Structures are given as structure tokens and as C-alpha cells.
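For this depiction, one protein chain was excluded, whereas all remaining protein chains were kept in their positions.
Letters A, B and C name the chains as they come in the text, with residue numbers starting at 1 for each one.
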């Protein structure tokens, strides 16, 4: 495990998962506030009302981040804090992020700032949300004030976090807010996310004339055929198209994959929501490429599935989410990206694991989480020996937090959080990560 | 309840028998499915189960002490034809003895021919997807009729073709675990046609008057809202669960709304031959219903069949199923209005809850309450003229609950699967007392 | 025929009027469709047509000499509202004069409001796909009612929504020529709802007793063989052509078998709002039927709607359509058994044949024979109590036959489109004599 002196270590969070203060500072509800309150959607109707109370306790968390010695803190800006109503900027909301980023710079920590990490304002939802092509303009007005007020104190920008989740998981499979099950809505939502990404990049580099590094973050889950049958090859292909190529191709090639457009045409009977110039804008050149990586999926064919695939039995070790622990597949992915897609510097903007953490005598001996991270850092190092140019690794997450549809039932943090008292207790993985970074610095 | 109302309790062969490779028994599709990775909870299987093949006398005594009029069980096809065309007298002898012993104790044997244990040899030739499955079943039913018709009180041809057909060949959750809608409609068709042919054989060729019928699981479907989309959703859920089976049996046709919907996958219906539906709808003596719950549903634009489950605020069993006795009543009234005047047996009803053994007892007041509510509904329905002739409580014993393995307990008698000890739960004592109370109300 | 049976003849505005840019008229979807390459035979159009807007007096005299009780015509929406919200008195004056003149000659005006000439301004806002089309139509119907209700004998709201909806927005053969099943179901819905709302307006707001109804083209469907696949095929052809329209109008619902089939393309039905179907099914005074032929169909595994045309050995018209008077009778009997007791007008029936002008005459014995057979069928049906109150012969004049242009002649009067000369075909003389003969049978 050897990293170039240039390599950045990071840790990451998002606004709705940690901030709390959900109705303070002028903040109006997001699609996730109301989704948490919809029956059946979130584990035990858990919500982000209080979360990690980070809005109030940000100073303490800055100290935790300082003590880790990470070069970089990745966080998101709450859209509903900045534009709590349409066209109505909220200076109090912007002040919190201005302070946050100023304070991080003062402590010598790079702010890596995600603009959209899933907390769409309810007023936007009420007009059709991401399905409405106007969402692109709503997003640009949000990005514009962010750039006006923060570009000078931010180290890098990430436009969108996981449009597969915000698009497909949210509007097709109905597991994430706003919980719809409509493939036409989903492809329109994704398209508008990606186009909003491209336009914000053009805005930053054109009219702001800024050289701040900017890119998108995609979650990528490499897909494997259970057998070598032709059916299972189709299945892998289609799982891969649905999770990965539907996003990679527009961003890097300026095209959607026609094989997936044909498969999606069981629901989507026109593609005229893709206007001339959209794909050129989606593929506007960026400074780096962000990857959230958690696992692979083994799949096989299903004659009864619209998209011709279903999950297959996996015999791998699994995290407490039930996801495969899959570092070799992480390496397959990165090689593929370099062979097929891009030469840009890569940041692993998220990697991490939930395990059934046990608090005993004020400690958390999360050897399982240590083993997970160690394997993936090892893989990064080895990939960097092949010239794969992974510029950095941000560990998800700084803190245990609101894990979406699972609520507080799933802990991804290297720092444990008692959600009653708000106490932070470093897990063994925090102590170990701090040390790994220090060893690299020598 | 009426003086001729029957109280019962129910099991099936693979879920209780064990002795999976004894007495000439060869593997069923469930034996191999249990061994297929990812299909059954912790790869649990029916190798031992409740070891009933060995302990049947003990279980008979349990049945006797319960005071039930009826014991419903199934015949393991792989015990009877362990290979194609090769009858196994030792397998039949177990069932002949079982039924004789029940009669000797004054208990009516209600016998299910097919409760899901298709022989592997049949599966290896295409299973229920193959139209020859009708003849394979017929040969099975024929020898059962030859050897047992004199000793059984009633016959049930098929148990839950929605499960054996759709859950098994379309949704892949039950053996053999396929996910192919064309296989699944062919499978269901052959099961229903096999039922029709078995009833014709019993009444024509055997000239027997033994009551015979089919058992369907029926799950009434409700719309979340009154929007037309949600009405379409309820229509299609109800077609998929219920009407696909009820229409052929009682009307001699398949519902064309569902044929059209299924034509996203099924591009020909020529597997339905001339005469098939006339045979499927051949007249029977009763209609068996397995009832557990309702489903509340709504529309989904991204679903092939236009529906998905909607959130339910009902009290639920340990399966997460709604406790839905009012909906049971809507179901029974609907059947009388739209489908049949035949006498109805509730061939299964019951519940799984998280049973705790404490100081040798099982305080399953939740199961008691579940059953009480449905018995009350039966009684009420019978006051309306709805002619429910009996109720069989699923199940006598905790047993192998399919893809959930031994993790879900439906028994009124607890079974410790390490020791095979039977321990009566509170629900067993209570059920025995409910039957006594009903008998004490009748004039002797 | 009965003493109050009416004989008629029929046209529509765009097919005969001409003067396409005069009198304030702005273009319809057909004007622009005729100019779109590949859509209409030799890019023929309705610029001149039969020049009836100018020659109406001559045509009235022709109608008078025929002796018909009724003349059915349509009102050009682009003459009345040439722009959204801008009423055009000069356009209305033509129709006021026309109807007044018909009355003065003792001829009943049967008036079609929508016969396919949607204004381009409406099309540019989404046409019939837009729910606002209901209000646009309503404003059109309102002024027609205001200005003409006193002078018209009956109203027909819509002519052939299967054509205006499916043939136009799904199969792309008629204006505006789209091929989108979601547009097509929305279009049909808005046409039917517009009908319902217009009838409510006439009877509620205008408090008028003028008879009003809708006109559907209906094409009875037959299976090539008795296989279930061919039965499914006939079911789906009949749903697509007929039941999609009959069920909402007479039953207040859309057929769910067809909703399911159409869900290969249509993934939500929330364009049907609360109240829509109650309004669509509002009671009317008669039911209009345009009848031309049957279709024999069979199954096709490769067709979305599971059917295709089957070979027909029937005698055929110059359109290649079956000559099918027996099937006309099955249709009318079926309507009385399953849908309605309302009086029926045959608002169109007729045929195209390859007419030859020779020495100033047209010997169309083929058209005579076609019409004779259907008139005989009407008479026979009326002896059975089937209550067909009238028959309107399509058409008075050879005219613009849509995507076929002037290449197909349905008139009983021949029109030389170079000179505008009208020449009575043998069928016109014969029809006049048939009406005389019927009048001479009645006691004066």
C-alpha cells in the first residue's frame, strides 16, 4: 500500500443525511422530508429532522475531520436551504456553507462540494420535479448562486451524486424519493440531471471563467454473468446498460446506448425529450471523474423480466447491507473505464460499508469495516501501479447517518453517532484510517 | 354452526413426512430445489421434516385428541410412482394404512392428490409444461382411486395451482423456480385439465360417488384509491391471482382481459385444445378454498401487469400478511354471486407467528385470535346462507414452510425439530375446546 | 318500410365544399395533410372539391329531385372559428342559408358537427390529444346551436371517432397522420367527452329537444376458424374497431380487455377523469351507424393486438371491401341484444366502384345492387322489430375520398372534377324511384 505524495485521502457526507435543523434557517422541506412521512417508504418512518445535528455541531465535526488528517472533506449543499421557495434566495442558508468552507480552508482541508445529493425542494417536485425540463434551469439558478458565493473557497465541485439513484431508483423502481414507478419519468429525470450537469459545467468555465475542478459522480456496479450461456450474456449486458452505460455513454461519448433505448422501448415510445445539443452539453469536458463504488452484481437471465435479468446467487462475503465485498471487480471496473471511456483523473468519491456495529465499553471494534476499506485501498494502490491514475479516495462516511430507505438502521460511519445524545465516538476504523493517512505522509 | 359442519386440520406430504429416500421414495422437485443455492431459507429441506412417515400413529392420536371430524393430508406422488410407469406398493401401503387407521378412529380422511411434490423424472421431461403431465397425473390418480376410494371420505385433486403454476414457473419462488410466463400458463393449464380428467375418471370409469373437488388459494384484491388506474390495478391483480383459475373451473373459459395482458409474454394460446375447458369445468361435489389474506394494490406504469402492492395499515401475521376476516366475507359472497352454489370447504386457513416455547408451553394467543376471527366469519356467513360445510385449520403441526423452511410456524402443535417432540400450543387446546363446545350445542 | 322511415343522402364539408380560403376559412389538418408528401393520392386536395360552397343551389335541386326526406351534411369548423375564439359570421351565414333553403324545400337537415376538419390552430396546440379540445369543440357547437338549432332537424356530434382517433393518430393514414397509440386513446377520449358535453349543453343549457346522437362506424369481426387463437383475434379486432367506442357511449366504461392490450403502449389511463364516462354516456335520442363492411380475421403471434386480416372470398367493392349485408344484420341484432334500444339511423352506407362515363351515362348496376341488398336487409331487420328509423346513402356526389383523393367514387351523382358538371348515375335514378315506390305504398 503506497500512494503518490499527490494522492488525496478524504471522507464524505451529504446534507440531508447529517445536518438536521430541517425547519431552521429558512429551510423548507425536500422530497425526502415528505417521503419519510409517506407510509411504507422509509424504515420506521425515520427522517432527517435531527439526523447528526451537524447544522448546529459543525465545529465539532470539523475537529473530527482535522484529527483524521484527511486532505479533503466531501459534503453537499442543501438546495432547500438556498432556494426554499422558487426564485427566493436565502442568505442565511448560504452563510452556513460559506462559514463551513471558510473554516475548512483555515484548517487546511480541501472542501469537495456536491451540489445535488438528492434533496430536491418540494416546490420543484410540485412542478413535476426532474421530469420537467425546467428542472435544468432551477438547478442552474442553484448552481449559479453557489458559484457566486463559494467558488473562491471551494477546492472542487461535483455537480450530481448518483443519477442512477436519483433517476432510476427514485422514479422507476420507487425505492427512493419521490417513489415513482414510471420508466418514462425515469429516463426524463436522468436526462435532465445529466443535462443540468453539463450546463452547470459550461456556466462555471464560461461565464464564471473559473478553473475550479469540476465533475460528475456516478455509482458504478460492475455486472457478471452467472454462466457463459448466451442468455446470461444478454442479462449481464442489460444489467450493465441499466446501471452503468446509460450514464457513462452520454457523459463520455455524447450518446445513449441504443441497445438500452430499444429494451426501454417496452415503456418508452419516444425519445424526443432528448433535444439537439443536449448530448454535446452532457459530454462537456470536465476535470475529473467521480466514482461511487460499493459492489458488483452477479446476474442471470429471466424470460419473465422486461429487462431480461434478475439477480443470481452470490457466494461472496457480504456487508451488513447484503452486498458483495468485491475488490477484484473494483479493479475490473477501473481498467474497463480506462480501456473504453476516459483518461481523466478518477476520484473514488465514495467507498465504504455498513456492518452491525457493536458498542462495548465506549469502543467499536469494527475490524470488518477496516478489512473492507483496506482491501479497496490496496486495490487503488495496485491500480495506481498499473497507471490507472486514481487521484484520491473519499471514505463513506465520516459519521453514521440517515441511510435513506433504511433510516438509522444502517451505519456506514468510521465515527459512531448516538442519535439520542449526539455523542461522536471514533470507531477502530477511524483510528486506523487516521494512521494510514499519517503513514502515507512520511 | 350447523349440525353437519365439519372441523378439520391439514398437512401435506413433503412438509411433514420425512423418510425422503425410504420406502422406495425418489426425489421431488422440492428435494432438489432445497438443495439449489439461494432458493430455500438456509437450505432447509424435507429429509426429516416432522418424521411423520415414522411417527404417524402418534400424530393420529394427536388428531384424535383434538376431536376434529376431518384430517386433510396429501399423497406423495414420488412414493407411488418413484419412476415413470413403475407403481410402488410399499408407498401405497403407507397411505392405505394411514386412511384405515383414521377411519378406525372415526376421523374422515380428506385427501389431496397433488400438493406440489412432482417427481424429478416428470420434471426432467418438462414437468407441468409438458401436456403429457396430464397422463402422468392420471396414472397417479388412477392407482390412488383403485386402492383408496373405499377408505377416503373426500378427494381434492389439486392444491393451489396459482402456487404450483405461477409462483413456481413465473415468479420463480417455488419449485422448480422458473421465471417464464409461457411455461407458467402451460403449467396451470395442464394442472387444471389434469383435475378435470381425474374427476371424469372417478365418476365415469370408477363410477364412484366419493365427493371430489379442487382447492384454490384465493386472495381478494382491493384498490388503494378509486382512480381508474387503481381500478385497472385491482382488476389485473384479481385476474392474476383468482379469475385465471375461477373462470376455467366454473365458466369453462379463460378471461380474455388477462389473455391480452399476458400476451406481453405469451404469443400463442394453442396449448388450449378443443375439449380442454369443458373437461376443466366438469361438475364437482364441493369447492375448496385456501384463504389467508387480501392484498391492497395500486397502479404502476412500470409494471407489465399494471399493479404493485400498496401500503397496508392492517394488523399482520408473522408472514407480514394482512389479518383480513372482512375481506374473507367479501370473497365468499362474491363467489356465491358470480361463480358457484357448491358447498365450500375452507381447506386451509391459519397463521404464522413468532412462537416462543416457555416452560414447556406456547402462549399463541395471537394465533387463537386469528383463527377465532375467521371461525366467527364462517359462522356469520353461514347465517347468510353461504353454505360453508367445513373449516380445516392449517396446520396440525409446525412443518416445512416451503421457501421459508422451518423459520415459519403455522402449527397448532409445536414441533421441536431437533427432537421431534410434539407440544400442544395454547391454540391446540383452545381449538379442541371450540369443537367440544360446538358438539355440546347439538342435540344427541 | 314503415310510414315514418326516412330516406337520405350524405356528404361532409371538406369532401365537397371547396372555396378553401374564401369566406374567412383558414386551413384544416386535412389541407396541410394533402400537401404532405406521401399522404394523399397524387397530393389531391379539397381546394375545389365539388365547389359546393358556390354551387349549393344546384345541389339542393339535385337533392330535391332525388325525393329524399333527409340531407345529411357537416359544418366546417375552420369556417366558424378560423382562429381560436374568433367567430366568423360569414361562415355561419352559409350554413344558416343552406339549412333555411333545405327547409323551404321540405328537406330535413341532419347536421354533423365534426367530420374531421380540425382547424390547424387547434392542431398546433396538440389537437385532440389536448384535453382543451373539449372546450374548443364546445365553443364551436355552442354557436352552431345558437344560430341553427331552430332550423336543423337533427344533430350528429361526431362522425367516426375510430377514424378521427385511431386511423388518424395510431395508424397514421388520416390527418394529422400520427402513429402513437397514447395520442390516439387521448384523442378518442376527448372526442367522446366532447360529444357528451355537447349533448348536455343542448339539452341542459339550450333546453332544446332537437334529436341528437353520435355516429360510429362499426365493422363486425369474424374468426377465420373456431380455434381459441382466432377467437382471441376476433375479440381484439372487435374491441379495437367497435367496443372501444360502444362501451363508453352505452355502458359508461372502457373495456378492460382492450385497456390491458393497449398497455403495450399506454402506461397510464389518468387522462380519464372523474365524471368523463358519465358524460360520455349521457342519454341521446338516436344512434347513428356508418356501415360498410365486415372483416374476417385470424391470429398473429407477431402482432401487438394478436390479429391480422384473413383471406376473404366475398364479392368486393372497388375499395376491396367485402359486400356483407348478412353481417350488417348480425351487427344490428347484436346492438339490440347487448347495447341499445335507441332508434338507429344508418347515417352512411354506400360503395365505390370503377365508374365509367359512356355517352353521358354511368351504368353503375354494381352500386345499385350493393345498395339494394342493404336496403333489403334494413327492411328485413325492421320486420324483426330492429327499429332502423332511416338510411342515408353515402354519397350524393362523387367527392374527395380522403387519402384516396378523387380516385374513388362513392357518389350516386357523377362529378367531372375538371368541369364540375353533375351527371346522375343509373343509381341516382334508381334511388329516386325506390323512394317514390315507398311513398306510393303509403296511404295519403
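In this text, a contact is a pair of C-beta atoms (placed from the backbone, for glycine too) under 8 Å apart; a residue touches a chain by one contact, two chains touch by 3 or more.
Novice: Taking the whole complex into account, name the chains on display that the unshown chain touches.
Specialist: A, B, C
Novice: Based on the whole complex, identify which of C:5, C:206, C:250 or C:265 touches the chain you can't see.
Specialist: Hidden-chain contact among the options goes to C:265.
Novice: Which one, A:13, A:237 or A:281, makes contact with the chain that was left out?
Specialist: Only one listed residue reaches the unshown chain, and that is A:237.
Novice: Please pick, from C:86, C:97, C:179 or C:326, the residue that touches the omitted chain in the full complex.
Specialist: C:179
Novice: Which residue from B:28, B:182, B:229 or B:236 sits in contact with the chain not drawn here?
Specialist: For the chain that is not drawn, the touching residue is B:182.
Novice: Can you tell me which of B:267, B:316 or B:361 touches the chain that was removed from the display?
Specialist: Within the whole complex, the residue contacting the unshown chain is B:267.
Novice: Going by the touch rule given at the top, which residues of subunit A touch the chain that is not shown?
Specialist: Considering the whole complex, subunit A reaches the absent chain at 228-231, 234, 237-238, 258-263, 265-266, 269-272, 274, 276, 301, 303-304, 308.
Novice: Please identify, in ascending order, the residues of subunit B that touch the omitted chain?
Specialist: Those residues of subunit B that touch the unshown chain are 180-182, 264-265, 267-268.
Novice: Under the stated touch rule, tell me which residues of subunit C contact the chain that is not displayed.
Specialist: Contact residues on subunit C toward the absent chain are 37-38, 170-172, 179-184, 265, 300-304, 308, 311, 313.
Just so it is clear, only the chains that are shown with their structure count from here on.
Novice: Would you identify the shape of the chain contact graph, picking one of line, ring, star, complete or other?
Specialist: Contact pattern: complete, every chain touching every other.
Novice: Subunit B and subunit C are the same sequence; what rotation (0 to 180°, nearest 5) superposes their CA atoms?
Specialist: Nearest-5 rotation angle for the superposition: 180 degrees.
Novice: If you average the CA atoms of subunit A and of subunit B, how far apart do the two points sit, in angstrom?
Specialist: It comes to 47 Å between the two C-alpha centres.
Novice: Using mean CA coordinates as chain centres, what's the gap between subunit A and subunit C in Å?
Specialist: Each chain reduced to its C-alpha mean, subunit A and subunit C end up 59 Å apart.
Novice: Which residues does subunit B have that touch at least 2 chains other than itself?
Specialist: 301-302
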